[PDB]
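Asker: Fit chain A with the ligands to the supplied structure of chain B, relying on the hints for placement.
Number of protein chains: 2
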Amino acid sequence: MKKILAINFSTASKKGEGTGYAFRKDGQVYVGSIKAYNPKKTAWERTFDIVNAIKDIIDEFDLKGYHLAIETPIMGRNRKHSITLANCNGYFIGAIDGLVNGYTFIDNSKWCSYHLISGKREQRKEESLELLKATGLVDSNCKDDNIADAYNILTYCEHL
Amino acid sequence: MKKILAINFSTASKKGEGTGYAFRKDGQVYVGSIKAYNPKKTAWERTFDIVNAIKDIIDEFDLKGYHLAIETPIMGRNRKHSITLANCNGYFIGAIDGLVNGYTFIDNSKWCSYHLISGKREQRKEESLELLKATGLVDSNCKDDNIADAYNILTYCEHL
Ligand SMILES: [Mg+2]
Ligand SMILES: [Mg+2]
Ligand SMILES: [Mg+2]
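Chains as they are written, first to last, in the authors' numbering: chain B, 1 to 160; chain A, 1 to 160.
Some hints here could point you the wrong way.
Intra- or inter-copy, both count: the list cannot distinguish identical chains.
To be verified - Straight-line Cα separation of at most 25 Å, BS3-like style, residue types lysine-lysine; simulated pairs:
#1 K120 to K80
#2 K110 to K40
#3 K110 to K41
#4 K25 to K40
Hint data in this document are derived by calculation from the structure and do not stem from the laboratory.
If we strip away everything but chain B, and leave its shape as in the complex, we get:
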């Protein structure tokens, strides 16, 4: 398969949220979340920790040379947070590029289209999570859509 590290990047600004990742190593899919929440750190300081956490994973599973598929950062609710998130998303890419074999921005609409995930924001979150829960890679309780999106990005990229 194409060696892909899929990332759904988040600065973990709210408790319980984090950067979603997914990759395949010898047939086996690994998924998880980097839960870097800390109210005494800025978005950029928490992004530093997320980079270090993904470098640690890249080392543990020998992922050097995997291509980075990362969800496109877009304009959110408020302007200023979206620019912050855009800058932090960039920092994250720049810090691991070279360890990874370049990167591709994956628009949310494109990976949703491939999986036939259509509907409004809430509906798409549920459907993405359903697809992840159907695989058994996480507990049936799981409500972490950051992980689900990273997993659905991976499978889309493997198809391409």
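Answerer: This is chain A with the ligands only, laid out in the frame that chain B set:
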């Protein structure tokens, strides 16, 4: 003086625009611009060129362990152009953090107010240029404000 590498980052989408840089190495101030303009490329590829250009400079002048002072990205013209510039700015920082000993964002308003620079964008450019031209470091007729702004960021930082 702290060993500061001052950067005024731009993707050079327009002819003549460049990423400006200024630093002090063995007591001599060096200033210049990375003229990355290339209609053949996206802002991201041009950003990658700029990273590699600054990487060459850090090597040539043995600048490892210098601290990065980089102008903050602000929300300007278009929503897309804002996310794009903010994203490429973050890429540049992430790509060179480690070669540099960390970084600090320098708001346009703070270095400008330190140097008594104010007005509309065009007015600020002329005053930024006057400070650079007054040093004698560049030719008399220099109109490269990207360079002027990086130099003024350097002296603002050195002052701290
Ligand atoms: Mg996302
Ligand atoms: Mg500037
Ligand atoms: Mg005035």
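Asker: Hint by hint, say whether it matches the structure.
Answerer: Going through the hints against the structure:
1. Both within a single protomer and between protomers do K120 and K80 lie at most 25 Å apart by alpha-carbon distance, with minima of 23 Å and 22 Å respectively.
2. Taking CA atoms no more than 25 Å apart as the test, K110 paired with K40 passes between copies only; the shortest distance there is 23 Å, against 35 Å inside one copy.
3. In this assembly of identical chains, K110 and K41 lie within 25 Å of each other by CA distance solely across copies; the values are 22 Å between and 33 Å within a copy.
4. With identical chains, the CA atoms of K25 and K40 are never at most 25 Å apart, being 34 Å at best within one copy and 35 Å at best between copies.
Comparing the model with each numbered hint stated earlier shows that hint 4 is the single one that does not hold.
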